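Undergrad: Listed here are the chains, written in short residue letters.
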Amino acid sequence: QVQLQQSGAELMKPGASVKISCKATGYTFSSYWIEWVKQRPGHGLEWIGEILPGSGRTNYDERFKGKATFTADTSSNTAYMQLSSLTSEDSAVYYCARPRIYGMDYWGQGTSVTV
Amino acid sequence: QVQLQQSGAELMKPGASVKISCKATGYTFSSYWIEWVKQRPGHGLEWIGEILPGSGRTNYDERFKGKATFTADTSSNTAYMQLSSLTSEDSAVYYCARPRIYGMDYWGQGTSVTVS
Amino acid sequence: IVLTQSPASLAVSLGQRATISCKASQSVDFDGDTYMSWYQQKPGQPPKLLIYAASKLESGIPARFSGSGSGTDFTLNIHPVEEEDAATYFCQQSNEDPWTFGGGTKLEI
Amino acid sequence: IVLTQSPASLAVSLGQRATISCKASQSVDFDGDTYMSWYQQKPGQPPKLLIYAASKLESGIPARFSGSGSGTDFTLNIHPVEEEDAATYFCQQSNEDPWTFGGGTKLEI
Amino acid sequence: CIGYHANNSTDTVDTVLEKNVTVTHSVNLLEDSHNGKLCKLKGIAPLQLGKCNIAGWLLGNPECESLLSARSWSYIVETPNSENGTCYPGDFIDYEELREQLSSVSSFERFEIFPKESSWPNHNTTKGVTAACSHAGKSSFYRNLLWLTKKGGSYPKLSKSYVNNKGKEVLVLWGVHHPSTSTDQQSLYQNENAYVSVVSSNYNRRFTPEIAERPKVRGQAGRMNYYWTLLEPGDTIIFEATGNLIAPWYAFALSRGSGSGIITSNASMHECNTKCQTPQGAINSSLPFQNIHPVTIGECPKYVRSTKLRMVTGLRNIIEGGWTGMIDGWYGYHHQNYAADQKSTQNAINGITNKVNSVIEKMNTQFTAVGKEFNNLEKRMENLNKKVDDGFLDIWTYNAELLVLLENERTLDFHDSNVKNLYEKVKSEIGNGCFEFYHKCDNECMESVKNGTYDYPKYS
Amino acid sequence: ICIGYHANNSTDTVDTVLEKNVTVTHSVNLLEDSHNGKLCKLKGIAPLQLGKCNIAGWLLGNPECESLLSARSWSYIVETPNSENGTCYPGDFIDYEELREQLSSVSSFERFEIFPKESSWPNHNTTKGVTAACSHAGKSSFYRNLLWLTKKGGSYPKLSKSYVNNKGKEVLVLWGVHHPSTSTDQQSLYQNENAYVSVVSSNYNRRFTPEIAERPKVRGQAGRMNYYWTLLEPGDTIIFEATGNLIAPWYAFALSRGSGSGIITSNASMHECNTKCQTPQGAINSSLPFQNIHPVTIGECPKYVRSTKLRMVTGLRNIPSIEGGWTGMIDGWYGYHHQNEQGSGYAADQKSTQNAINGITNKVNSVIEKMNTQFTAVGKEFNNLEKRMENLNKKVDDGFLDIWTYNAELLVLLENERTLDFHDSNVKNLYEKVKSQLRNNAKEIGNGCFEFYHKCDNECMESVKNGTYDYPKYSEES
Amino acid sequence: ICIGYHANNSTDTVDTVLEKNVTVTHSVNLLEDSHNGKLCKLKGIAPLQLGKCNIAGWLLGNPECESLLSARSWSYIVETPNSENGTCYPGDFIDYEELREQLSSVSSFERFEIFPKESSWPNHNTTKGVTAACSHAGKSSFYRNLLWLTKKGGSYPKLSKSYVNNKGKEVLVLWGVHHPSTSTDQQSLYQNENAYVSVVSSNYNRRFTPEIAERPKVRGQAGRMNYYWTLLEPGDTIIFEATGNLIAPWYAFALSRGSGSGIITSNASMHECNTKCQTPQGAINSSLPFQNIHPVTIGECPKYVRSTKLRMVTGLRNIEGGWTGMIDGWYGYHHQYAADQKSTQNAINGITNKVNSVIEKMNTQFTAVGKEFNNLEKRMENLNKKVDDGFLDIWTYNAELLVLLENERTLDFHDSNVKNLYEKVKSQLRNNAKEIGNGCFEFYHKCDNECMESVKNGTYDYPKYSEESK
Ligand SMILES: *[C@@H]1O[C@H](CO)[C@@H](O[C@@H]2O[C@H](CO)[C@@H](O[C@@H]3O[C@H](CO)[C@@H](O)[C@H](O[C@H]4O[C@H](CO)[C@@H](O)[C@H](O)[C@@H]4O)[C@@H]3O)[C@H](O)[C@H]2NC(C)=O)[C@H](O)[C@H]1NC(C)=O
Ligand SMILES: *[C@@H]1O[C@H](CO)[C@@H](O[C@@H]2O[C@H](CO)[C@@H](O[C@@H]3O[C@H](CO)[C@@H](O)[C@H](O)[C@@H]3O)[C@H](O)[C@H]2NC(C)=O)[C@H](O)[C@H]1NC(C)=O
Ligand SMILES: *[C@@H]1O[C@H](CO)[C@@H](O[C@@H]2O[C@H](CO)[C@@H](O)[C@H](O)[C@H]2NC(C)=O)[C@H](O)[C@H]1NC(C)=O
Ligand SMILES: *[C@@H]1O[C@H](CO)[C@@H](O)[C@H](O)[C@H]1NC(C)=O
Ligand SMILES: *[C@@H]1O[C@H](CO)[C@@H](O)[C@H](O)[C@H]1NC(C)=O
Ligand SMILES: *[C@@H]1O[C@H](CO)[C@@H](O)[C@H](O)[C@H]1NC(C)=O
Ligand SMILES: *[C@@H]1O[C@H](CO)[C@@H](O)[C@H](O)[C@H]1NC(C)=O
Ligand SMILES: *[C@@H]1O[C@H](CO)[C@@H](O)[C@H](O)[C@H]1NC(C)=O
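In order, the protein sequence lines correspond to chains H, J, K, L, C, B and A.
Residue numbers for the first sequence, in the deposited numbering: 1 to 52, 52A, 53 to 82, 82A to 82C, 83 to 111.
Residue numbers for the second sequence, in the deposited numbering: 1 to 52, 52A, 53 to 82, 82A to 82C, 83 to 112.
Residue numbers for the third sequence, in the deposited numbering: 2 to 30, 30A to 30D, 31 to 106.
Residue numbers for the fourth sequence, in the deposited numbering: 2 to 30, 30A to 30D, 31 to 106.
Residue numbers for the fifth sequence, in the deposited numbering: 4 to 321, 337 to 355, 361 to 451, 459 to 490.
Residue numbers for the sixth sequence, in the deposited numbering: 3 to 323, 337 to 493.
Residue numbers for the seventh sequence, in the deposited numbering: 3 to 321, 338 to 354, 361 to 494.
I should point out that these hints are in silico values taken from the structure, not numbers from a laboratory.
Just so it is clear, CB atoms sit at the ideal spot from N, CA and C, and this is done for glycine as well.
Please note: incorrect hints may appear among the correct ones.
What the hints assert, rightly or not - Taking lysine-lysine pairs in the BS3-like style, the calculated list, with each CA pair at most 30 Å apart, reads:
no., chain 1, residue 1, chain 2, residue 2
1, A, 488, B, 458
2, B, 443, A, 378
3, B, 22, A, 448
4, C, 450, B, 488
5, B, 311, C, 410
Claimed, not checked - Label-pair distances were calculated between CB atoms; the ranges are:
no., chain 1, residue 1, chain 2, residue 2, range
6, B, 289, C, 400, 56 to 64 Å
7, B, 272, C, 439, 21 to 29 Å
8, A, 184, J, 65, 49 to 57 Å
9, A, 482, C, 450, 51 to 59 Å
Please take these sequences and the hints and turn them into a complete structure.
TA: See the structure below:
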C-alpha cells in the first residue's frame, strides 16, 4: 500500500544542521502533503509544519519556524527536514505523516535526533 | 326530474329484520351517494350513514354500527338499507336522500317502522 | 359535532319578520366556505333545502327565505310570512362527517 | 487552540470500559462537520489513529473503539478492554491551522 | 410491328412538363385513409384520460377514479373536452415539462410513498376536504395528495423523509396551499409564518404561503400551487413544512420507455393491433407518405401536406400509339402472318419496381412526433417550435413533390428511350412503327427477326 | 428547305449544371432585386412609427414618445435602430421579449383609463410621481400610462383595486414595483418598510417585495423599477393590492388580436404607397418566387435566398450573340428557311413553337407554385440569459434559409438542363418529321436542312411541311 | 473504325437511382470517413483540456484543477467524459448551461484577482473557510477562485464591496451563497440570523437569502452552496452587499470574445499537430464536402451526413463494348485503338465542373457544437434534438439525391457522348462506309493507315474515295 521510511537514529553536536529524509512509496509523491511532527518525551506531539512536494509550499508552525526548514525532492520521492542549532530541548523523535482531512494516516517509522 | 322512490309502510315485532328499499330515478345511480337519515318525534333528524352505489364503499354513524347495514343494486337503480334485531327504541321514519356538498336537496317519501 | 338551535318554538304574526338562530358547538366554516344548510319540513313530508352555504338561496325558493351568519352564529330570516310558511325548520351542518342536524323549530302564524 | 485529555492516567480492568475525554479551547466543529481524531501509540511505534471526525471508525479496526461528542466535548470509550491496548492515547484536532495534538493519556490494565 | 402497351386504366399523374397525364399503371405513395378508430399498439392498450387531463390524472382528481388502476399503456389519450384537472384553483408549476417527462414513460406503479394513517401522527388528515374537488354529493379531495391541517390547535414542524428504494425514478407530487385571509391561515395551520421546504439530493426549493384577496375561481378565493420532482434511484427526498403542505400520499415509480406519447383525439377506442396511430384514427400502410395528421405514434409514413403522390409505372396510355389489342405485355410484336413480348424488357420493368422501392426507402419513416404544450409565458418558444414543425413539413412536402415530378419525368423518358432502343435492335421501313419487308417473311421468319438475328443479305 | 432553331441578339446569361454561366435568348428573373426603399402602407393602413421610442417606452408611455399615445390601428410596427428611449427610470422590464412577441400578433388596441387618476385612489398622493430620469420639456415627469403612488400625508393605507374586464377583448395591464436605494427613502415615500405588491387574477398570481440596497447610478437614479404585465381575459377580474412600492397602472390596452402583423427594425423613411409585401430595406411588390432583399418580411412576400443571380431558362441557347442558330430570323422560336425557285423566304414552325412555349410556361408556373408565399417571419429579441434559445432560433433560421437557397439553386440548374435538352429534342424530332414527310426524294444538307432532286414549288413544299406529301409523287433519283 | 470507350481494372462500384452497385472506371469519394484520433491544435493554438474537471470546476477553481488556472488562451475546450470534478461543495450552479454557451464563444480570458484576499475584507474572516468536501492533498481546502467569508471574532458586519470594470472587456464575476443545514450552524458562521446577499450592477440585480433546512447528505455535507455569475460590461460597477452567507469573489475572468470555438466532450489524446477541423473522435485534414465521422465539429469542416457512401461517377462505366486498347482519353476509335482527345477532354472538363459544383453547392459546416440543458428543460432539449435530426435527415437526403441525380446525369452524358462521337464521325462521310452493326462502320474501299487521318481530323471527301461496292 503506502509506506513511509525515515532515516535512522542519529546524534549530532549542538549548534549544527541535521537532515532527516522521509521516503514515500506506493503513491504519487506530489499528490499528498507531508506533515512533520516531533514527539518530545513526556510531552504531546507538536506539529512542526507541512510541505507539499510539487508546489513547494511549506506551512511552518510559529513556535517551530526558523528552527526547521522543509525541502523535498520529487525525483528522489523524498522530503527532507533542516533543523539548525540543535539542543537537548530540541531533541526528540520526529515523524513524517501523510495527512487525511481529519488526521494524519500511514504515519512513518520515526527518527531520533538526540543531541 | 330526479326522484327517489321509497317503499311503503312496514311493521314487525322487535327482533326482526327489514330491508328498506330506496329507488332512484333520472340520474346515474352510482354517481351520487344515498344518505340515510332517521327521524323520530321529539328527537329531530339523525344521520344514519351513507352508501356509494356500485363502488360498495359505505359509512355508518357510530351509534348505528351493526344495527344498520347498507347494500346496493346498481342494475335496478335501487338502494337498500337493512336493520337487524329491531327494538322498540328504534321505531322511526327513514329517508333516503341524495346529498349535495352542503346538504341533501332531493329526498324520498319516507318509510315508518313500528315494533308491534 | 353539536348543533343547537333557538328558539324552540316561534310565534310570529302574518307579515312579521321571523328570525331563527342556529348555533354550532364547533366552527363549520373550513377554508372560507360555510357548510350549513336550512330546511323546512311540512308534517308528514321530507324536508326541503332552502338555504345552502348558510347564505345562498335554493332554486325554486322565493326571496323571502333568507339567511346569513358564519362560524358558530347562523340566523334564518323569513319576511313576510304566509300561511304556507308554517313548518318545522332544520339547520344542518356538513363540515363534520356525522353530518348532524339541528333540533328543529316550530313556526306558527 | 489547545486540547486537554482527562484523566491524565487511568487504570482499567479487563472487560470494563475506559472513558477518555478531550477538551478544546475553541469548538472544532465547522459547518457541522467536526474535526477530531483519536490516536493510540504503542511504545516504540508510530501513533495509530482510531476515529476520524470523532465518530467514524477507520477500516480494519476492532469495534471496541468508539468515538462520541461534538463541539468542545469529546469522549473515547473502548468496550471491552483487552491486554494489548495498554498504550498511550491522543486526541488531535484538525480545525485550526496549528493542528495541535492532545496532551495524551496512559491506559493501564 | 413495334409499339407499346395501352390498357384501359385511367389513373392520372402529374409532371413538370405537363400535368394530369394518363399512363397504363401507377402506384400511389400517399396513404390518405384513417380507420377513424383508436386501437392498441403492439398489443398494449392506451390510457384514456377521458374527462381528465394529465394534471387531473396525476394529482388524483376525484372524477378520474377509473385511472387509479392504470399501470401500463402504449400512449396517453386525452379528449379535447377534458376539463377535470386541478379542481382547486392554482397553477401546476412546470406542468408542460411534466407532460414531456410523462410522454417518455411507458408504465409506472402507483404506491403509497407516505401511508396516510402511519406517516402523520401529529397532523390531522381527516379534516381536509373542499367543495371545489367534489366527488358525488359529498365534498372530497385529490386521491394522490393529502391535505394536512393542525391537530388540536398545533401544527408542529413535520419532517418526513423517503428513500427511493424502488430502483426506478419516483415522481413525487405535492402542493402548497395559499389561503385568502390571515384568519384562514391561522385556522388551518396555526403558524402564520409558515413555510414548505422540499430538498432532495438534486432538488432544493423552499415555498412560502402568500395570503391575498383574489377573484374566485370554481367558488374558491384561495390557491394551491402544485409541484413535482423526479427522485433518482437510491435517493432521499425530505419534506419539511411548518404549514400549507399538501403532502404526497401516492407517488409513481416511472419505468421509462420510447415511442410513446400524448395525443389529443376524439376517436373512440376499440380493439385492433396496429403499428401507427394518429389522433384521427389508427392506420397502417406500406406507402411512405400519409397526409392524415402530423401527430403520429409508432412506425408511420412521413407526413406531407400534398393531396396526390403517384409514381409512374406504366407507359403513356394515350409514330406508333398504344396497342389496345395486346394486353399481354408492356411491349408488343405485331405479326402480319398478334403482339408478343420479349425477355429483354422484363429486366427494365424489374428495375423500375426496384426504383419505387428505392424512393420509398430513401424516405425514412417518421417516429413519434407528439406536439409540445407551452404556457402563456412561452409564446416565443411556442412560435419557434411551430416554425420548426412548419418548416420541416414544408421542406418534406417540397421534397416529396420534387421527387415525384422528376421521377415521373425521368421514367417517362425511360418509357420512350427503351421503345426507341427496341426499334433500333429490331432494325439491327415504315416509320410509323411497323417493319415492311421486301422478302417473304413467314411467322418463323418473324420469330427469328424478333430474336434480333436475321440474315438480310440472304434475300438479296 | 433548311430547318433549325432561332437565335437572338440578347446577351442575358443563365446558369446550368454544365457551365458556370452561358448566353441565352430569353429568361425570367425569378429573383427580385429591387426595393423601393421607403416604408409604405400595407393594405391601406399606415404602420406605427415609434420614432425614437421603443416598444417598452411606448407601452409604458415614455414622456418622449407622446405621439404614439393616440395611435389605434397599424399594419405593422417600426422601430428605428437609433431608437433607444424606453424605460426612462432604470430597471428591468420583466418578460419584455414575451411582450414583444405578444404585440407582434395584435392588429390594434384601445388605450383606455383602466384606473382613472382622479377617482381610483383618494387616499394616496398621486400629485408627486415625477422623476428627473423621465424628464420632459425640461421638467421632472413620469410615464403617461403608469401612476406612481405615494403616501398621503405620512400614511400609505393598504391599497386594494379591482378591475373587471368588460371590454370583450383581452386587456394588457402594465404596472411597476419600485425598489428604493435606501430604507430612509422607502420610508419617505411609503409609510411602511415591510411593503409588498400583490397582483392576482384568475390565471395570474404573483407577489412582489421591494428590495432595498445601494446600486450603481443609471441615468442618475440609484433606485430600480421593475415593470410587469398581464393579459386579462374577457370577463376576468384582476386585483391590485399593495402596502407600498406600487407604480399603479393608469392606462390599459384592450388588445384586438390580428394576424400578419409584425415588428421591423427598419431605418428607411415613410411615404404613401399600398404594397402587398414589405421588408425593412423598403416596400417591394413582385410576383417573382424569390427575393434576396431581406429575410424579415411582412405580408405575402417571395422567398428569401442568399443567391445573387437566379433565373429560369426561357430561351434556347444561341450560337450567335444542327450546329448554330439563326441570328436575324426573330419571327419564331422554331423556324425554317424555305428555299425555292419562286422564293427563298423564311417562316417559323408555329405548332412546335407554341407547344414549346406552353410547356415552358407550364414548367415555370409549376416552379412558382411549388414555393409558398412566405408569411410574416420577423426576428425575435432575447434576454441576456437566453443565448441558448437565441442560438437555437438563429440555427433554425440559418438552416431553413440554407435549405431553401440550395433548393432554389438546384431547381434552377435542373430545370435549365431539362429545358435545354427539351429544345434540342424538339429540334431533333422536328427534323425527324421533316425527313419523314419525304424519303429518298431529297438530298441532305444536314443540320436540319434538306434539298430536293426534283423541283417542288413553295405550295408543294408547304404541303410537305404538314406531312400531306408522299415520296412516290416525284421519282427523281438524280 | 470502331468507336467505343476506355475500360480499366478498377473495383470502384457506385450506385444510381435506377439501380445500385454499378462498376465504373473512375469515381471520387466525397465522404471522408478517416481521422487521426489525436486532438491536434486548431490553427496553431493548443486547446484547453479540462481533464478531470467540468466547466464549473474549472471556473470556480476546484482544488483538483490547479493546472487549469494558468490558462490564458485556447482554440477550444475539451472536457473528457470522466470530468466529474466540479462544485465540490454540493449545490446548484444557477444558469450553468448558459455559462457554457457564453464560454463557447470566448477565445481567451485573463484571470485576475478581482478582490485581493489580503486587502478586500479586513473586518471579516478569510482563513477558516475550508471544507472536507473540497479536500486537496488530504487536507481541507476550498475553491481557488472564491473566498468563503465568515464572521471576524463573533461579528459579521454588513459588507459593501464594489468593483469597476476598467479592464476594457466584459468581466465574468462568480460568487456563491451558502445555505447552512441548521440555524446554529448559520449563527456560528455568520452571526446574523436574517442574513442576505445583494449583487447589483447596471444590468444585473438580484438578492439572495439563505434557506436553512434538513437535507440529504451529498459528498458528506448536509448544507448547500448556490453558485451564480454575471457578465460585467466595460466601464461598469458591480456592488456586493452581504450581511452573511456570501462566498465572495476572489478571481474574475476578463473575457476576450472569439469565433469558431466550442466545448466538446472527447476521449482522445493531446498530440502535437495542426488541423483546420477537429471532431471529438479526431482531427480532419480533408477537402471532401461530406464527412460521417461526427456531427460536432470545430473550425471549417465538411458537412455531416449520416450516410456511409457518397461517390460521384467521374469515370464512365466499365465491364458496343469496353475496349482497353485506347488509353489516352476516355473516348476513342479503334484504328488498325487510337484514343481521341477532343470529346474526352470536353467530357472531363464538364465532369470536373459537375463535381466542383456539387462541392460548391454545399457550404462547409461551421462550428456546430452542441448545447446542454438541465432536467427542467426537456422541452427545449427535445426541440433542439428535433432540429438537429431534421437538418441531419434533410442534408443526408439532399446529398444522396444529388449524388444519384449526378450519377445518372454523368452516365447519360458519357453514354450519349460516345454516340455523339460516332454520329459526327459518320457525318463526315456518308455512303462511303458500311456499318457492320456493332458501332464499327468500315469503308467498302480499303484504305492505308494514313487514310484514317482524313476521318480523324474530320475532313473527308467522298468523291475522291467513291467506287463501286458491287
Ligand atoms: C369535472 O368537470 C365537470 C364538467 O365537465 C365539472 O362540473 C362543472 O363545475 C363547474 C364549477 O362549479 C360548473 O360551473 C358553474 O356552474 C354553475 C351551474 O350552472 C353556475 O351557476 C356557475 O356560474 C357561476 O360562476 C360564473 C362565472 O364562472 C358566474 O358568471 C355565475 O353568475 C355564477 O356565479 C358556474 O358556471 C359547471 O357548470 C359544471 N359542469 C357540469 C357539466 O356539471 C366538475 O366540477 C369537475 N370536477 C372536478 C372535481 O373538478
Ligand atoms: C431620450 O433620449 C435622449 C438621447 O438618447 C436621452 O438623453 C440622454 O440622457 C442620458 C441621461 O440623462 C445622458 O447620459 C449622460 O451622459 C453624460 C455625458 O454626456 C454623463 O456624464 C451622465 O452621467 C449620463 O450618463 C445622455 O448623454 C443623453 N443623450 C443625449 C443625446 O442627450 C434622454 O434622457 C431620453 N429621454 C427619455 C425620457 O427617455
Ligand atoms: C403630496 O400632495 C401634495 C398636494 O396634494 C403635493 O403638493 C405639495 O403640497 C405641499 C403641502 O400642501 C406644498 O407645501 C407643496 O408646495 C406642494 N408641491 C410640491 C411640489 O411639493 C406634494 O408634492 C405631494 N407629495 C408627495 C411626496 O407626493
Ligand atoms: C387535373 O385534374 C384535376 C382533377 O380533376 C383538376 O383539379 C385539375 O384542375 C386538372 N388540371 C388541369 C391543368 O386541368
Ligand atoms: C381531525 O380533524 C377532524 C375534523 O374533521 C376531527 O373530527 C378529528 O378528531 C381530528 N383528529 C383526528 C385524529 O382525526
Ligand atoms: C393492417 O393492414 C392490413 C392490410 O390492409 C389490414 O388487413 C389490417 O386490418 C391492418 N391492421 C389492422 C389492425 O386493422
Ligand atoms: C472513449 O469514449 C468513447 C465514448 O463513447 C468510447 O466510444 C471509446 O471506446 C472510449 N475509448 C476507450 C479507449 O475506451
Ligand atoms: C493536410 O494534408 C496535406 C496532404 O498533402 C498536407 O499537404 C497538408 O500540409 C496537411 N495540413 C495539415 C494542417 O495537416
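Undergrad: Regarding residue 184(A) and residue 65(J), is the given constraint of 49 to 57 Å on their beta-carbon distance met?
TA: holds, 53 Å
Undergrad: Taking the CB of residue 272(B) and the CB of residue 439(C), does the distance hold inside 21 to 29 Å?
TA: Given a distance of about 58 Å, which is not inside 21 to 29 Å, the answer is violated.
Undergrad: Residue 289(B) and residue 400(C), beta-carbon distance inside 56 to 64 Å?
TA: violated, 40 Å
Undergrad: Take the C-alpha atoms of residue 22(B) and residue 448(A), compute the straight-line distance between them, and say whether it is at most 30 Å.
TA: holds, 26 Å
Undergrad: Does residue 443(B) pair with residue 378(A) here, judged by a C-alpha cut-off of 30 Å?
TA: With a Cα-Cα distance of about 26 Å, the restraint between residue 443(B) and residue 378(A) holds, given a limit of 30 Å.
Undergrad: Between the beta carbons of residue 482(A) and residue 450(C), is the distance compatible with 51 to 59 Å?
TA: At 27 Å between Cβs, range violated.
Undergrad: Decide if the proposed pair is consistent with the structure: residue 488(A) and residue 458(B), CA atoms, cutoff 30 Å inclusive.
TA: Between residue 488(A) and residue 458(B) the Cα gap is close to 19 Å, so the pair holds against 30 Å.
Undergrad: Next pair to validate is residue 450(C) with residue 488(B); report whether the Cα-Cα distance is within 30 Å.
TA: Distance of about 27 Å is within 30 Å: holds.
Undergrad: Mind checking the alpha carbons of residue 311(B) and residue 410(C) for me, to see if they're no more than 30 Å apart?
TA: Given that 30 Å is the threshold and the Cα spacing comes to 27 Å, the pair holds.
Of the numbered hints given earlier, the model fails hints 6, 7 and 9; all others are met.
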